[PDB]
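With the sequences and hints as input, model every part of the structure.
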Amino acid sequence: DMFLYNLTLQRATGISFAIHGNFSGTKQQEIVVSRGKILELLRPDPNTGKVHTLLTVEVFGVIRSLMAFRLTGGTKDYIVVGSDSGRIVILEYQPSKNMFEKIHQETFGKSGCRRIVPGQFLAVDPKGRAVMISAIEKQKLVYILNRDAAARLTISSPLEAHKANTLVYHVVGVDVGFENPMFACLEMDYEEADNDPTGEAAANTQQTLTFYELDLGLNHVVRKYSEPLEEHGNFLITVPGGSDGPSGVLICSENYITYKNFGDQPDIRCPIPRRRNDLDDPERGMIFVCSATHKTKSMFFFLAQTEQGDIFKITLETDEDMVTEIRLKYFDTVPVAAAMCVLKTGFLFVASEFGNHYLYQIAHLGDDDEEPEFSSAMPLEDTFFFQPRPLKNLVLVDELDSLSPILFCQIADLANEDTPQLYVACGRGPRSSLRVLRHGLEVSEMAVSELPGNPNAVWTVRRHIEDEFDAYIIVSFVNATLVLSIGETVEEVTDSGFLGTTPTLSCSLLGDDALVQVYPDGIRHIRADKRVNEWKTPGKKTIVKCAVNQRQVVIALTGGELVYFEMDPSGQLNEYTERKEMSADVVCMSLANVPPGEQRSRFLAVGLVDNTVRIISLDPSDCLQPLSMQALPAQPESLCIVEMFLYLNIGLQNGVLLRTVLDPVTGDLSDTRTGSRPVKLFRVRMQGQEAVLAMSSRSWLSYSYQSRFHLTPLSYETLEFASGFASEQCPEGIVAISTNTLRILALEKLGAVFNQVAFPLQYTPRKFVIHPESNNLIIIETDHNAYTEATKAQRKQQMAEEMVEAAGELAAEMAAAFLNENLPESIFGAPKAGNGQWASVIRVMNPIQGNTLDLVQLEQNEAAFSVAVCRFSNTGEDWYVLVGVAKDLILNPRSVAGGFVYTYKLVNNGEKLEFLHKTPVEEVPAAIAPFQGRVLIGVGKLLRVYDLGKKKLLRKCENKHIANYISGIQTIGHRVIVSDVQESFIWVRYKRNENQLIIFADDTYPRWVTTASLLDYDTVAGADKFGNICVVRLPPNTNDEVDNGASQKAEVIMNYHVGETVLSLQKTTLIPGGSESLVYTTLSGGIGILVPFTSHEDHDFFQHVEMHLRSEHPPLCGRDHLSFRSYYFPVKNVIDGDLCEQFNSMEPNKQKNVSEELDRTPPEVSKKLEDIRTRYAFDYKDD
Amino acid sequence: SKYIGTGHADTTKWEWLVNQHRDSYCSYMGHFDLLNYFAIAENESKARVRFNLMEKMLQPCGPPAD
Amino acid sequence: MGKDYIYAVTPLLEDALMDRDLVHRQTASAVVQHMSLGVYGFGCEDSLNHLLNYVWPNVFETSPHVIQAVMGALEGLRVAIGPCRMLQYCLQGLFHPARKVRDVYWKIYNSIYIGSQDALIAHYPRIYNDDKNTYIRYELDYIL
Ligand SMILES: [K+]
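Residue numbers (the numbering used here), protein chains in the order written: chain A, 1 to 1183; chain B, 10001 to 10066; chain C, 20001 to 20144.
Since the hints were derived computationally from the structure, they do not count as laboratory data. Cβ coordinates follow ideal geometry from the N, Cα and C atoms, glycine included. Be aware that one or more of the hints could be misleading.
For the chain A half of the interface with chain B, some residues (derived, Cβ under 7 angstroms), not all of them [said to hold, decoys possible]:
| # | residue |
| --- | --- |
| 1 | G36 |
| 2 | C113 |
| 3 | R115 |
| 4 | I116 |
| 5 | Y190 |
| 6 | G199 |
| 7 | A202 |
| 8 | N204 |
| 9 | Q206 |
| 10 | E307 |
| 11 | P405 |
| 12 | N785 |
| 13 | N822 |
| 14 | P824 |
| 15 | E1060 |
Structure representation (structure tokens):
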């Protein structure tokens, strides 16, 4: 029994359905987005656009439909949600309770998305009084939303609309004027298509736009009319009827757009226009994907969008009930969205399907244009040819980040700080990119200025104390200093007074306008009136460290010699009488900033070579005298007296931490170790409060926060300095340096998630590998339906010739501007073509900087699949690059052509590729697995074993018992894991004495395998298409030495439906000094981990917590939770995480009911659930 | 018997076969992320995938016997 | 809580479940159902499979009450064992040339089919195509 405990770290960020409205009840307006199972509410900012996330809630089910409405006269919008099980819910918001109040449920059908069970398509009436649910079969139900005088929602009985053998493409109800309500549907019959032996009813059968009628008085649903369409139809808008504009639907379809009211209405058609100078196949049409009714009291205009990123401002024209013109006019070109919303005061929320999410502010209203408007009234047989064009109306307010779809994640360290980074190659088309993920606190980037040299320490200190703006930026090199001034156009300044030919070791403000620098030849007291009080160093000694204050200057030379200065009420210096010398040199000291109440601070924590921190008073009564010394485990580098009652901290010579309260006797401590690189305690300002930005391997931060302690890192790579900052660019920031940079950073956040940086790419990256030796990356990039660079080039020039061929003065040229701009494929879409077209690009990239190393481009119809940098046995110590290629994948129906394998030599410290040879193979290669100094290739159905020859590969060994088809392959150093596409994993042992491949173990349970990552010699941690993580252990009864597929088997230990698709498993340790964790990333952009336990007592504790938490608190959308994870398989031996972590969210009387039901206090329960995350994952609390 | 998909002592392989096709495609439409899989796999848009599925609802497995 | 107390019940259910009498088959089959519902998601299957192999040949029996208890028995074995192993012990004589065994295997197949059809999607056996029609769902066969 090895039970597992799910958990999550980054929620799925893929938008699929965005409706909006007023759920606060107020004038303000909020957007219900919907993720895969994570419902989420947002709020834009009407002043700077930052979308501040407010509520997020799991529903543990499948969100299949999502429509808002509002009853007559109400001001609080609701939400309807359709479930996977045959029960519909209605929600409601609570602005103070901060949760979703359920209202009512109805039971009408079975569970699971069947055919005849409704829940698929959801129709609401625009008056809120009726609502309709409808499957893709006979069962269509209509409800009536009556409100009584008790301010609730008295729902009614279900209304039967059974009808044998029909389909439904789409259902949206009709804006009728206070009548028996009308519901539209694009039906399709097929009972004609079920008897013909010749089978011509697959043709000659088209949609009817049947309308449905409720009868309130007589309590039955009757059908209104039925009229045949012409061409097949995707989605439909309801035209706003009532007293403003006519009542109809306008059917978008294959290349046309068609109004069709019922009545005596004649039906306009108008075709969808095409771009100037297409680069496509003219076989493919163009349809729409989304629609956005902008209902205003005075008028309305639509904004719908094509495939290729084109928003159309359809300005409808009509009569009182007749229709006159559907004239068209484009709005602009943005990236692709799947649903989007328009917000008042002109906000547009472009919600992409892939990658980032956008938010546009409408800068120019109305129709102010020079490109001509189109119409349906024009005679044309030729379609309208319009211009593509840059961004002209809209402006991009903010770029909301997302990560979906995460394809191939690897967890590894490719830098010099402790934490393993997350390299994720994810994207879609030419918008794809490579993203570096880290996990520390939200470091806000402010300024970048790269300089030659090595800055060590750079302060930002005021000139005068009254200012909320600082004065200078002091970039101290090794051989000089760079002095900068904040004139908001920051350049090198001269009249600062410093003039640092020597490096600056501290910057402090002693006088009211007197700045003090610390340099190895002395101390230069610099009043704002340019007077120089230069202190000289006696002898050839150098100053090492110092301890500054607003009235005290404590320094330390070589020899442990303390020289104390004093600020007068006049503002000048007086040297203290006794220079207290030490037995060891001073490695670090600490003196606080003075409080405004007292005139001086007492303590002086002095770290030495003697490894004994010493407490020294600086009062005039006991100044420079011993108080208490205390030995230390290592040699510190810095010390900092900080606040949030007196505090001190001690950083060791590795990235570990201890604590020390500031006192004549020390009492409190909690240690934290998350280090191998020494700690630098530098002063910061966290929202009006001081903390210690400890700089180690990472830039760590321990802070008291109302005595809620946290050891917290920064979400950025290695740094070496910090201080405060205040300017017009950033009134509260952090000045940070590293090797060969100069940056301004900032910290503003209390919460903790991943924070990232991204690298641009070209195609959709299938897979990449690490170079071991030089530590570089090998990206392979592959698209279906694409043109490569050369075919794009000579295609454009050939089409230019084809525009010289048009037989006419050829008295002027379009080519002079037409050969100028290649549109950036980042934003201007992509020239998609073909059915068997392919492309391929292979790239090397360095993750420290941004730049690329080598580029290879390939054949048109030959696209790269796999790669493994491997050394071979019988050759030298040199790595290669292998690439498999397939040929002409007519993918549906599957018919392929062949394969080839390249070989690149990987020279120049892995920084330049070169071709060596090429070999043929009759079928698609899908496997490059290095193995015992040779490479393995599993091709098609026949598993093979190759080796390098000087002109080709030299086939040695080959299996053919493998039944269907071979997808992937992974090997422990002896045994071989075969990833069969229908059957489960197949264990293969190879005879080295005989050259023979042997299958000895199998499964009876066919799983649609994608990926795997192994843990030991006997357990295989697989995945699935649909979302079933599975692990199968080999029994120790399996005879290793042998000669349905096998009588012996391998038994399941785990089956756990996730609900999304998992792509790259990797067991690792996320935090330093931690434990094992089997990380699953998933397709929708999320990250999930897995957990091993300690004891059956802990496990049955959590199990009883499940036993009571399920029925004593049901899920939100009414999904039977055990029947949700138990969807395909019976679940075996997993404890869910997020179900059992709603104790932080339930009602306090039920906290009493459950916590006292198990006889345990809620601080004990919540502390127990703190312990798991602080143990394994990214939790930050400091004991 | 009145439920759709009930077999009996005369139902043939074409009937059972086209039934498991039709509820297969209804299941494909029924999920929410396998469409994102097919849209990432071959390069399309999701509405194109939905429309191709709904058009291949009445086509596939062709004409019957005889 | 009777999950650790099933093992000694199994040979007890062997002399019970062996072919003696109507009350044994009927009530003991109801015990198969109730046990099968008590253990649901609780870490026990192979015992129940060893039950299942003794359950299965009892199907061809003429009395309607005891075949009814066989039906609900197979419904409990459906919900605990899973749909896969039910269907794998189902597909044998679906097309057998005899109406008597066909009424049987179709009837069990309908009682499988109404309950949780949506789970059957992955567990369909793939059948390769003839000349006239396409039988391969390539949707289950796309490769990245
Ligand atoms: K030392």
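For this session: Report the numbers of all earlier hints that the structure fails to satisfy, in ascending order.
Result: 8, 9, 13, 14
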